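Presenting chain A:
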Amino acid sequence: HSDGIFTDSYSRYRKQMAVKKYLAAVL
Partner candidate 1 sequence: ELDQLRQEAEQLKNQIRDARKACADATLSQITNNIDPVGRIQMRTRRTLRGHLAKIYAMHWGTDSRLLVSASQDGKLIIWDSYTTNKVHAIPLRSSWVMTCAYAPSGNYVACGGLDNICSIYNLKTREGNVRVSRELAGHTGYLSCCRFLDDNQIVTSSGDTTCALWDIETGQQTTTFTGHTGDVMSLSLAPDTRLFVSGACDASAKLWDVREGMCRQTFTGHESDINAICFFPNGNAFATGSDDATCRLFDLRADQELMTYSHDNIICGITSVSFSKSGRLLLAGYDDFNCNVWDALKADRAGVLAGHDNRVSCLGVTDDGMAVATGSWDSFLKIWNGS
Partner candidate 2 sequence: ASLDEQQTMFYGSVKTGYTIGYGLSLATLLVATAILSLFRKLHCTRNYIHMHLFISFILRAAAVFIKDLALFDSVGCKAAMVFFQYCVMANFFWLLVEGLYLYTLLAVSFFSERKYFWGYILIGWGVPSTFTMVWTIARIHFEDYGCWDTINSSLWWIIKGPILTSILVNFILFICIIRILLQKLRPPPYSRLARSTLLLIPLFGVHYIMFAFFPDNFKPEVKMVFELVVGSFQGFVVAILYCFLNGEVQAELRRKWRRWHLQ
Partner candidate 3 sequence: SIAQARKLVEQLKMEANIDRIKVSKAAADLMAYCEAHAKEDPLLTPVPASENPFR
Partner candidate 4 sequence: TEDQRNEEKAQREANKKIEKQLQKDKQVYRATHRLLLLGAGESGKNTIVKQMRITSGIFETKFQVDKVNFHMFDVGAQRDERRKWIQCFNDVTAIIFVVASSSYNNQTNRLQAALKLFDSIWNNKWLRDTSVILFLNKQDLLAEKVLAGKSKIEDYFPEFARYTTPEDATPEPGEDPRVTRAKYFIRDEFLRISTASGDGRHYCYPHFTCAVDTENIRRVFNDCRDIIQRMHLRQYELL
């Protein structure tokens, strides 16, 4: 179902935004 895969996409997006924000903090 769409809900599960949407949730997974949103989690991967949150993790990528977290990685980018940590990388911008350090740099």
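What we mean here is this: a residue touches a chain if its C-beta (ideal position, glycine included) is under 8 Å from a C-beta of that chain, and two chains touch if they have at least 3 such contacts; residues count from 1.
Candidate selection criterion: all candidates are chains of the complex that A comes from, given by their letters.
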Notebook entry, point to check: Only one of 1, 2, 3 or 4 touches chain A in this complex; which?
Noted result: 2
Next item on the list: Going by the contact rule at the top, pick out the chain A residues touching candidate 2 in the complex.
Entry: 1-11, 13, 17
